[PDB]
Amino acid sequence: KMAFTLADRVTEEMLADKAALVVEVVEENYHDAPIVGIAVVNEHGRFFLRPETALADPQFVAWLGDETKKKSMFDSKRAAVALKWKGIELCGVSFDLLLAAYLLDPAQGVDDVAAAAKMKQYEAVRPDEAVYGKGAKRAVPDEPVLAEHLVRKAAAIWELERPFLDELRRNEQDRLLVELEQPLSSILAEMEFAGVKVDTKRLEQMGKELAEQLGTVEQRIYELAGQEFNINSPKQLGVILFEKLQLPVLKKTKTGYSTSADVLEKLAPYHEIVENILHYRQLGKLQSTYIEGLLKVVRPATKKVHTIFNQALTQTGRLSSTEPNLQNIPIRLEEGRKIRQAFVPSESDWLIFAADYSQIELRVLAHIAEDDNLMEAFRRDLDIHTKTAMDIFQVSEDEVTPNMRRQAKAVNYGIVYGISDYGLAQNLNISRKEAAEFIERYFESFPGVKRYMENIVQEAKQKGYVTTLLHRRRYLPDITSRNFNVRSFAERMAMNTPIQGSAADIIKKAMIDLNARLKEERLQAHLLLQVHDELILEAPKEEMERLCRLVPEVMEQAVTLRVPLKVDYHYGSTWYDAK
């Protein structure tokens, strides 16, 4: 039972200086999406307002934009961005229930108020999916029903604020919420709304040339196979490779023969077709995802793409990026890398500026493990891959070949991801006996790291969770499973999450610090993207000199570790050229 006022005009008591606020955007992608209703709960009552009314009411808009009028919300970024597309500013958000729930336990996958309410046994609100339905049945219900849902969500936020803040504090996560994630949410809202401009003429031309090349590679594959088939079908491909051409079966999955890139690479001594097939699938992914998929989400009038950074999704503390994902744009092979030529500045005589942390996960490892030998390598800035090579190959620096260094690189990151000798041998296509020795030698060379890996798994067993530098947590209830596979997965998460998660913490704080500096110096430069360990900005060309100093300094100084942090940077006329 819950009384509320279904209001048809705004009143003074609706504008109190503390309220739970709901600004409901039901489309998953909130860019330029309709606002279907509004609810306010405060000391004076519970109210529902129509958007057309309240959003045209100068007093309500003033209240929204007034920083001293504090609002508690769930997913404030969604409301903030949807409001931006209507030219309205939302300020004063002092508590975000989505982010609070996310910090308390990312595993719960909270993405509606009812799901957060569940964490505190609060049942006086329905799941969104219950009210709106799913798939083709999805629809906004009749006003009375909508109104009650929005009011119940606001009522829930109102009552849940203190219980959530109280638990965050005993978890040592209250500052993580209010000083890191909540400020970052506003910064991400700005980035999403600004968007990134795309050179569609260039993308469309690339797509036309790619179609041509696909056709050619395709026919060559059929010629080598002696038959036509669907190359994009791992099932049909498997019949061609392992039945028709009788190539060895190196791996099976639950569904059948594996045709993974790793397997096809290993088959190259048997038949040249596998190299053609790998190329074809590369080209096809470029076409389908980064040409076609990208062109579908460009807003035709402004030629911008507006990603959504999911801030409350990953288990480690990272962001993700969707519709489109701008955190997986090709870079490692030159053919794919050219896609980046189509990401351009939003203004004339602006440039793209890209700054990345060098080896942040390995530096975080050095810090947390307190390994003398690894800390000293970074403190002296020795090449960490060449150093590991000297140890795992047992040679002097002058004897380290480029291939040995590449193998050591694989050992250095593999350790951070819990690699076994099997995985390392498969990765490097080397002897498993050898791979096991690489690992044995690594741990003899970096005994602090070995101790850290043992200790963190013990900590996980004892506490039930692991923590990052800035007190993010991930629970690991499988860490004591009797099942080898299940327990092993949890142990590798114990090892890896504090590293990936602490690196996430660091770059998040850098974004907040950087944004502060940019505004302080009245620079026009602004953030466009974050890609886990790098930040991409655009700015008028005049500001490059300043950014060359400002951006890396702010990023290097974000946190102080037991080793230095290092940032590299580049700028140019497109994302491609900022290299």
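Basically, rigid core = biggest C-alpha set you can superpose within 1.5 Å across the two forms. Shifts are known only where both forms have a C-alpha. Residue numbers count along the first chain shown, from 1. What changes on going to the form deposited in another entry:
When two forms of a protein are overlaid on their rigid core, residues whose CA moves 2 Å or more are considered shifted, and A124 is not one of them between the two forms.
If you fit the rigid core between the two forms, you'll see the Cα of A504 move by less than 2 angstroms.
Of the two rigid parts of this chain, the smaller turns against the larger by 39 degrees between the two forms, per C-alpha superposition.
385-411, 415-417 are the runs of three or more consecutive shared residues whose C-alphas all shift by 2 Å or more between the two forms after the rigid core is superposed.
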Contents of the next structure:
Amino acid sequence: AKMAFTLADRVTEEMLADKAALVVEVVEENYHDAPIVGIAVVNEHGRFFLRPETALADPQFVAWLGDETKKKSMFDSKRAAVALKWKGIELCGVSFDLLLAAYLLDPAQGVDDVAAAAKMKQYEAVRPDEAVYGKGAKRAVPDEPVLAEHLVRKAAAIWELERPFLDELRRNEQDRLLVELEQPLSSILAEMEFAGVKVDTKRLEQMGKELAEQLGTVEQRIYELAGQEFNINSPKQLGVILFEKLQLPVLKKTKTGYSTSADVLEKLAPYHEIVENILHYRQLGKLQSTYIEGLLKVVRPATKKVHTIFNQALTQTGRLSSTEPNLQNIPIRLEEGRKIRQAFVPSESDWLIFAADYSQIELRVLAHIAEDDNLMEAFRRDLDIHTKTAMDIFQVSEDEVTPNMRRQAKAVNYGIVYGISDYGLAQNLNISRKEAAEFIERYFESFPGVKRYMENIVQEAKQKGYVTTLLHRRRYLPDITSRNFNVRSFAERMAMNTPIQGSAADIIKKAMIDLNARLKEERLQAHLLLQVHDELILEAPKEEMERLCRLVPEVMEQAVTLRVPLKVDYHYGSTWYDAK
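Structure of the form deposited in another entry, given the form deposited in one PDB entry:
A single chain, with no partners or molecules, comes next.
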């Protein structure tokens, strides 16, 4: 009662059925240009293991991999597709992805390997990757016999688990979410990641040289003001300087000691001008370590491109995340940091960068879901709640509202709708707690629909134990009925936010699928490069800008039909920076 399989030395016709569980093993966490250590195939005819050098050089196997009519069931097909792209091979026909299936059933399980998915169905005939490859410096590919069995067992699990997972997804009304959204999206993300984004290293490097000089100046200035030399990047050392040497008041403490957070330092500005210099130093230091040095470290020298990896099965709300490098958190709020974007350029001769951003996205989604008359009316009148809130908070006229003021108001708007307390708001706007409370109270008096929705969604979560999004994404909240006030409150706030942020994620994901389809149909050369939660970034020859200015906004705005209209802002230019 074990698991017999074949360790083939050549490709046979039987292992090329029109349906099978396929394992194309890429052990390196970052699969870009990473080695494929082994292949496994399980179908109606049997179980097979193939060495990469064998299978990938076989004309029939390569043809099979690229045959869309030959359906494959896998785990993390994007990892396989990309790794194969780097090997010059195209993968088609992926009909089921166990990773995405597990992710949709319950994001909280943190499924990261076949074994973890299998556990959801009490399937034991497979071991966890870590148990096979090892941890850290001990991580290595085992002897062929061991490797082969593992890959085959993972293929066997995928083969036996497909039906059970599709079954539970259907019951949860998430089967289409998988097959028509996440899986198609996965292929689109694979293309985006492989294409990469070109970097102007000469300019980036020059920026780093100049930035290093500015840092040295701010650094010395800080020591001068402190009357002592110390490690500014050490909250511990900085705390001694600020709260022990300079005697500044302690406004907050964490479990390790005095807090030197940006919020605390800003509140200390009236006492000593050293805190402002420190804030500036930390800003510049981050740009240098992360957006200059860190970014240069991941640039592929030969092409000057960076290839991020969009984790599609990680966030608890359905959003994507971006790693090594994270291209979803590149500076833009402050002018100094924003310049880093001048280093992100088109990959071709006379191409340009085109960026589209959903206007007040989650407020529009909230209007729809909460069905708040006043909020829905506002969007039907095409108003800007962020600007309006800015006008009130700063007590200024619309024309006076600066981009930075709107941004601060935007943070306030979402903080309030998502349950910020009067304490939190008073601290953020450094204003009276009573006034903050009044502002919040008044805020919901104007948007009574939103208030009741938030109260109802919390009660619903307590009764059902989970919340859902527009396209049926789900998130369980077991802590929602906890005895502990803190534990419970956090769960209640998740119930308030997840459905909104999650539905916003559903929308942009559908937009990406529709756009990719529209682009291909019109044979446009324009292609997606990045997704930044509620914005899409593309590159395309200058001649296509005219079409994009209409095609991109239209597709994104028509992705889904809500009670309120969806609006998209867009721009383009020679660099990401200019796409403003």
